[PDB]
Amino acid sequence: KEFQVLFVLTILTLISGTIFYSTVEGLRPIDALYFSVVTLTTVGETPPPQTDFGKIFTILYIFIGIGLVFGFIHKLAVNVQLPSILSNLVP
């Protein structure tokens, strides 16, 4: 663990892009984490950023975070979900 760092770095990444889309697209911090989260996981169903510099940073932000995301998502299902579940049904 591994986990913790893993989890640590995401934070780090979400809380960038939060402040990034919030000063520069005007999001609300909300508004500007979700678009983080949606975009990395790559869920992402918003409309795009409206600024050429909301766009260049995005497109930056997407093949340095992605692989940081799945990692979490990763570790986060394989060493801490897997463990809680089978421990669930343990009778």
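Residue numbers count along the first chain shown, from 1. By rigid core we mean the largest C-alpha set that fits within 1.5 Å across both forms. Compared with the form deposited in another entry:
- Just one residue from the list 76, 9, 15, 24 crosses the 2 Å line for C-alpha shift between the two forms on a rigid core fit, and it is 76.
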Second form
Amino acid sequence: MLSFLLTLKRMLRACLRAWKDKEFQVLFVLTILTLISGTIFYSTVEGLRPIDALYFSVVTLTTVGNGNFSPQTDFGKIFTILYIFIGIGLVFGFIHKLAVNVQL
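If the structure you just shared is the form deposited in one PDB entry, then what does the corresponding form deposited in another entry look like?
So it's only the chain below, everything else dropped.
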């Protein structure tokens, strides 16, 4: 139980240590910027309550997928498709990062 906590602490430290890498900060900022754009787009174009627009943005960008709402306009559908790929681009970016910071 003591080793558990010490390992947890070293791990958390390593995690926060990653919140210092500039390229990671960019990916993060870019992710937040993308989530905001999505929240704005879906509330405006699909008429979703802001909180539901951020929610749809989140489940869509992280690839989790939504099983309750689906864009009704041809405009929302096009945007969502592009939105999915941006999210995949961001994920690869984070993954590439982890891979690089592991083989130095």
